[PDB]
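Fit chains C, D, E and A to the given chain B structure using the hints.
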Amino acid sequence: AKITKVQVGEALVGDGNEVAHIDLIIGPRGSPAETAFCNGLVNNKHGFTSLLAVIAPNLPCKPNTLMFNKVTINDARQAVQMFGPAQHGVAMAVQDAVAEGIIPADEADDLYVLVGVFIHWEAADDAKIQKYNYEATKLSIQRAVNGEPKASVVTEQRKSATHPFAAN
Amino acid sequence: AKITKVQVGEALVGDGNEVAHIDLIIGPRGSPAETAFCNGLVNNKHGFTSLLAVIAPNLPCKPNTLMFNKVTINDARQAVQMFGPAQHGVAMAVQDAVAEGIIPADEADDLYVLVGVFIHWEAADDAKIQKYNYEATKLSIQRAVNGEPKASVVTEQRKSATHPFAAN
Amino acid sequence: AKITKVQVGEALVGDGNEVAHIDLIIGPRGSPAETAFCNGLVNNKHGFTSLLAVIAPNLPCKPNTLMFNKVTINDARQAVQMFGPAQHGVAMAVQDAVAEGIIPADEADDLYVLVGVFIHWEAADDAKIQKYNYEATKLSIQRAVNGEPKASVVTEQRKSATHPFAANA
Amino acid sequence: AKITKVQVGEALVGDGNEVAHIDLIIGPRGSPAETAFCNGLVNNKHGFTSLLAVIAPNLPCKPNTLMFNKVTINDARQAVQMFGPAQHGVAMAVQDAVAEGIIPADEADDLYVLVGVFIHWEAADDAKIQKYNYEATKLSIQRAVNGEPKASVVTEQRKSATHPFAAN
Amino acid sequence: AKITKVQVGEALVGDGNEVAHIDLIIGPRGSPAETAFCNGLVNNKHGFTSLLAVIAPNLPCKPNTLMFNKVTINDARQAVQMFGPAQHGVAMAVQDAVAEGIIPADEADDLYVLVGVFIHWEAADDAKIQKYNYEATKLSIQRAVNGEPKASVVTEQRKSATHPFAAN
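Residue numbers (the entry's author numbering), protein chains in the order written: chain B, 1002 to 1169; chain C, 2002 to 2169; chain D, 3002 to 3170; chain E, 4002 to 4169; chain A, 2 to 169.
Worth double-checking, as some hints may not be accurate.
[Unchecked claim] Okay, the calculated beta carbon distance ranges per label pair:
(1) D:3003 x C:2151: 17 to 25 angstroms
(2) E:4002 x D:3030: 19 to 27 angstroms
(3) B:1005 x D:3154: 48 to 56 angstroms
(4) A:151 x C:2005: 23 to 31 angstroms
(5) B:1148 x E:4080: 42 to 50 angstroms
(6) C:2005 x A:78: 49 to 57 angstroms
(7) E:4018 x B:1149: 53 to 61 angstroms
(8) A:78 x B:1128: 50 to 58 angstroms
(9) E:4154 x A:126: 26 to 34 angstroms
(10) E:4018 x A:17: 31 to 39 angstroms
(11) A:165 x B:1149: 32 to 40 angstroms
(12) A:78 x B:1003: 44 to 52 angstroms
Treat the hints as calculated values from the structure; they're not laboratory data.
Ideal Cβ placement from N, Cα and C applies to all residues, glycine included.
Just chain B, same shape as in the assembly:
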């Protein structure tokens, strides 16, 4: 056991225009994570195509991971960022999580990961896109895998948190 149900993770890492913000879901075979993984892959639309995360072509990360963008992709520059530095970052994060035991190795062939990726339209430095997404994805997985933050923990610190875009 360990990851026996759907868990949701999230994390924002970085700064500048390359800042990464990952919204993530992970779950086992037979769970809604598997259903959304399949429903997600077959459904592409203009500006939003979902693809399997791969460390490189012919080397997908395992557990199977589906990546989808949040910001509308209007040109090749945006498409390559999403499926170049960000994809490699997300995929390496997933595989490093397995290597480090965060995602148990003996569960990796029966889990599905869904990763929502943020790339501001002014992002420019590939190295940062790749690093921040690697870090945000890894943090999201670590959190999701432990069901964190627990509701009691969020309740306790809700009043001290600061949302960047809050009216205040």
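Relative to the frame of chain B, chains C, D, E and A by itself:
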């Protein structure tokens, strides 16, 4: 116990261009709310991107909450309102509902909330956007959690209700 | 008991540019009607936003009802018609059906209704939009709740029906 | 019952610009055909609206049938073709199938049919659109109901088939 | 007994503008592969229409296969490539896999295949599109059916793989 099935809530709070109108769904692990939560997160389209509600980046509200817009988002101003004052409002409403016992604390880690939010394209006051959405979301949760309004109650007062845009 | 599975209803009522045509689904908790209700509410697109049908803000009809448009909504005029006269009509039809026992009162809190609404882009009379949709929605519910028209009934009268846009027949 | 599981049918009938090509799914209550029927009806997008197939308004065909277009519908001419001659043709094909026993009469009230229809943007003859779609839909139903063509049959004749758009 | 759960395959084959890259899912009746197959066929949008893979019209490959594009289809040239050389290639790959026993013949009538295909907008040689997609689809099926690459294998070689658009 208490929230053992899918419940739907709704509420309109506020006035002017910042008026809030929330269409909401809440349900437990294993229910259609969990399925729609996962199917919803992976599917973004131009003008409509769905994201996890967070009190602030790195502090999502629990229960896991998915937010989606009703009015087409054409620019950054609209995007920030939806995912700034409204998001903070929605997320705080969810966490305050947990703190206040409306959503039992011992159920918060196994529930999913889906929140449709309205922001007129002429909305301008962030403070109101945030406050009205916080209030509308809280009201919708309170209602949904009690399965209100009950059908018998709606039937009794259907003839005296006034829809602002109705012909008659 | 009564509405124990997914049922589909349809009806065209009215004339002129305000003519209503409703494509409807109703089903209980645990059925695909509930799944489509949830999957439908969270998924909005340009020109197509789905909302809960309400008699008025703060007074949604019960059973829970999801409304979706068939004709692309390009401006506020169209949006208000869909979620003004038509919404009020759809919602009242659902609530009147409960009041009249068409939808048993003791099942109303555990059912879901999905309503596809048609409003021609030249529709103009709000009173008609509201009335026709109320009438069409009510007819669709009554039909769906009884699983009508039954297949044997459609089979028997297929040759005499006349489609407004067919080549012939 | 005969049709206890999801079956897929397909058929191309006709020629010229009115040629019909149907991709079809049929299945019983409780199957993925019923789920896709419901998920399909509620989800309309620009250029693609799905509707119940009806022999005529106020007379839908039974089994319940959902129709969806393959070619983007940009104007009223295309919309009326799809939901006029083709709709009537599709709906009559379903009803004639029931009348002829291809779809058992005692199963017709508990089945769902999903019909993808093709109408080239240069199609012009309503009579042909109606006839070809009626014929293609009926052939697809007949094939689907028997699970044909069986895999062994396709395997045997794969080398002699000719795709009109293949390189060879 | 061979293919009892959902498996995911992927492969990139070829070069130049016709290079093929397949993201594939295969699964049995009753699995999320069947659900996504049905939900996928009924849902078409501008630039993205999904169709059954056929060796030729009136001869679909079996197991039932749904094809969907990754690159927005803006004109007939792109549409024909996707549903001509690529479709024939994908469908023949599926049928050859059955003939060769990769997909057991006695399981072929109860399996569903989902194929995401890539065709760069500058692709021009139909013969290559067809051949590369045939080989990439066949490789993806072979991999998927064996649950390959296994997580342990990806972990072992993650550091030596090279992604074309990211790199590290």
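Hint-by-hint comparison with the structure:
1. D:3003 x C:2151: 17 to 25 angstroms: holds (18 angstroms)
2. E:4002 x D:3030: 19 to 27 angstroms: holds (25 angstroms)
3. B:1005 x D:3154: 48 to 56 angstroms: holds (50 angstroms)
4. A:151 x C:2005: 23 to 31 angstroms: Violated: the Cβ-Cβ distance is about 40 angstroms, outside 23 to 31 angstroms.
5. B:1148 x E:4080: 42 to 50 angstroms: holds (49 angstroms)
6. C:2005 x A:78: 49 to 57 angstroms: Roughly 55 angstroms apart at Cβ, these two residues keep to the hinted range, so it holds.
7. E:4018 x B:1149: 53 to 61 angstroms: Given range 53 to 61 angstroms: holds, Cβ gap about 59 angstroms.
8. A:78 x B:1128: 50 to 58 angstroms: violated (37 angstroms)
9. E:4154 x A:126: 26 to 34 angstroms: With a Cβ separation near 32 angstroms, residue 4154 of chain E and residue 126 of chain A satisfy 26 to 34 angstroms, so the hint holds.
10. E:4018 x A:17: 31 to 39 angstroms: holds (34 angstroms)
11. A:165 x B:1149: 32 to 40 angstroms: Distance hint for residue 165 of chain A, residue 1149 of chain B holds at roughly 35 angstroms.
12. A:78 x B:1003: 44 to 52 angstroms: Once the Cβ atoms are compared, 50 angstroms apart, the range 44 to 52 angstroms for residue 1003 of chain B and residue 78 of chain A holds.
Hint compliance for this structure: hints 4 and 8 are broken, all remaining hints hold.
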